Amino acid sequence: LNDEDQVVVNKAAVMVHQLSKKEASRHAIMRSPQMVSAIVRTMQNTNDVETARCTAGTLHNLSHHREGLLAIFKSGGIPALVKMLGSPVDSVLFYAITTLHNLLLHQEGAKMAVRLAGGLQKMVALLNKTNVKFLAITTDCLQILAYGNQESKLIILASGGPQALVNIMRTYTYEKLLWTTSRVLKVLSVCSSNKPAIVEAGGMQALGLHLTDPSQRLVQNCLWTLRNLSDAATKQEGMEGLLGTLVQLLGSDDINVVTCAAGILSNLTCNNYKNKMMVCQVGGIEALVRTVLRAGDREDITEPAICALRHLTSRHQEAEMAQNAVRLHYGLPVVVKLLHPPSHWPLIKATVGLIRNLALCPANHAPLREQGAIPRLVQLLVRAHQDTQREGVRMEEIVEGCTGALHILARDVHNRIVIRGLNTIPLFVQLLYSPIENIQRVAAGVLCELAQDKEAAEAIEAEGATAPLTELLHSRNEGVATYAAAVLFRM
């Protein structure tokens, strides 16, 4: 029942630890700001290893109670504990990081105090350790400190956080550590600075390793992180296994797994012909079509899935096969259906883009017509055009998209009859006056397809298309000028 510590003696601290076990003396110890600071002082300066751990272990026991935390807190224990994270005694390290962990969990203001003490840099530097239980605690501290705190995220990045965390995911199998580390990566994955770094470290491939782990919380966190990372990332190697697993996960009974899988696949296939090839080769088209069908009106699933299908049906060696595969796997009816309510604009925009690609395949021309793609595309176009003449999706995008789809569909003679029968020529001619070059292009394009039929060519001329087409001959956009010349010729 004392309060005085004498230098050069291990007896004092050695006795103090023995008391912190018994809750009786322990409360007395933390009900007293006296020796608590003296405990800290001893730990912070003592070069006797055996004293340090006896000291740190004492503080650890105190961190189990609300006032014991406050005691350590108001006694300036946090900077001391942070300093102790440089200790070469594994026993001391464990107590330091654990006590800090407890403070971070419960003690108000501890998070800020640790950051100020330079705790982040020290913790990141400890990520090269090899004890999984120690790493699990350290990574948990990092997660707590990084969540909702951009300042901490940037510090973790500057300290080499991303590479160290990815190395952990590539190395260990301890679930608790893999889960907690993935949680840190998820928090960092929404940072515009951390994200490219995680990707460069090989983070996507590493996270892909655990997508078939029995732990659902691990799989889901890896999926959430992957969705963030895959958005407009640099081209990567070794993505084969990951892409394969993602396709498999599309058939999961877990909706969040399915939603993430579709989203990642969409992100990874956008303007990436290599990935498009791989996804198609492992049956990606069929899996995505089944996913869309099962999803119904759930646009959180259909939107990324349709986006992925749009990517897969364009600009790669097996694009044509993918275009046929959508039809062969009973996908055409549901695609047309998604153009109708209750579909919102992002889905509609994506669906229009998909139809445009599907129309590149001649064997899709008739089924798309039979399923009623043309009148709905025209109604969407007419209304979208009116809106532009009166934040999400701009109606200008819908105008360009629908006209673009009609341009491709107009390759078929029967489609041209349907398209013109819907009083579209006056609208297409008006779109020639659009300020947007891309709208001018598809407008002149569909008119060019239509004008190959004599009767339609006369109707285009009667609509007074000659004057704007002549102006478009001098368009800085070569595509616009080429189509404009082609229409003028056939007239």
The other form holds:
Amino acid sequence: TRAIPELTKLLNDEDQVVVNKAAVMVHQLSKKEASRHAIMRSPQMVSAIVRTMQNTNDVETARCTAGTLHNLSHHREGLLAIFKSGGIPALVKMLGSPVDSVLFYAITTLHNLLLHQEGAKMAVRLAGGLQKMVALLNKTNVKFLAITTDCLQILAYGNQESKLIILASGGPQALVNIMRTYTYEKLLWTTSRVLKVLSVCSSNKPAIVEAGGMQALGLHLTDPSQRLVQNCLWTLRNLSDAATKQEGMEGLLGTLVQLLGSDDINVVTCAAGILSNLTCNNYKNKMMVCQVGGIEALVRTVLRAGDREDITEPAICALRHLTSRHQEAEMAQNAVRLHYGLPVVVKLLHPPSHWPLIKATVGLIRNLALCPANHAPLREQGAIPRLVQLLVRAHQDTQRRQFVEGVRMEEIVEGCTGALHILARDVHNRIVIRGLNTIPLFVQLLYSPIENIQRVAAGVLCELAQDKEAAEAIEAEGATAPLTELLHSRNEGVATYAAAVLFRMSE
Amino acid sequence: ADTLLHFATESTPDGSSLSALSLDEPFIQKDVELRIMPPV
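For comparison with the form solved without the partner chain, would you give the structure of this protein in the form solved in complex with the partner chain?
Now the complete complex, all chains and molecules, led by this one.
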């Protein structure tokens, strides 16, 4: 009723000299508690502060006004006043200020609003705050960058449109540069959090990966800050499925294999997940992983994981990738046995294991079975019976009809038959397989419409048919009719195996 | 062929706050409620 009303009138004065002088006193009063609260309680005052800030051409006035809002932003009533008085649009404009002071007041004020004022997120987005904040990432004050990147994290979290705007603005590039450039923990952390939120968007992934984000994030994997390390891993894992074709992952792969020995569950989980994706169809990555003891490191991880399928599934998939299609694939198949992985691998075929893990494990065993030295061990561990069980159970759900556990029982069918197909290259294994009354099922599978099933069914039958007894049993099971038809399949494998079974049955 | 595992973890386990900017202003304590209540 004394200073406030008067200063308010002065702020709205037509003469700038009077305005500027008022801005200084107002700012001064905002530094004292009693008068700060008085200012935030005057709608007309706050409104005059905001208008003056976004209209004045006096750097000193712009500093005192922004400084005033900054001081008011420490209280709920201040934050509310700023919000209701068109504060957001004004503050966003100030982010274009060439003055550091003004810029710092503005970003701090906006940050406080985004953190504690409901409705601020939308307002900032609406005012085009995302674009300016991203444009400010080329500044060099690390504390400033930390607050700015934190604003982006708040605005992008769970909001797809904000994520795309950050992308269109050149966000990925700028954020990766931060990771590759500074050492200030708080900035690296907040920045890794923005990249994490952006890595969830399938459209942001390419931009981040091409900018060298995998390497930039890889750089901090051994930092003392656990929150920094973990956020980099979450991000790297989200990106991994989009970086399977990237060159130069050798350094990262070494670190990742080392991280598999971490005591931190979240670290190991991400290390395994990233490794599985990076070893997907990339012979170079597979070789590098084998080179640094990846096989042993993964076997140890699986054993340590126990029933934690978040770890075993990606670790088992990695091992599956590593035991196939590359120079060291066979040595890898052999090494799994040497590092005592066969027992646990077979164990994973049983409960509490869920289908996703079951499918990956069957795949790995199919690969391991390619190494003759694993035949006896796998048999000794009870692989065959269980593989048959999964096949029977899976085959039934197929005919009695889709995704179960997120897995199609048709995949289990050819996966198990495919595994039994290879294990059947061993005499003793053939005795066990036939001893389980499987032939009738295999012959049945020849009628499947899925060529892959046909092929693996014809395959096991062919291996089995090398023994006279089994051959006559197959023949006696009525395999001749279906095989004669598959003999004419345009599928090389189907026709070849089919002819082979027929030939064997007539020796 | 090898298969990809599609990860998209955005919300991360919650588990020193950001250091204030260097400005010529008196330190001001933020409303108690703004420090005991999570972000909006």
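Numbering follows the first chain given and starts at 1. In this text, rigid core is short for the largest set of C-alphas that superpose within 1.5 Å between two forms.
Task: From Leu85, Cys361, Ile398, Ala233, residue displaced between the two forms - CA threshold 2 Å or more, rigid core - done: With the rigid core fitted, the residue that moves is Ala233.
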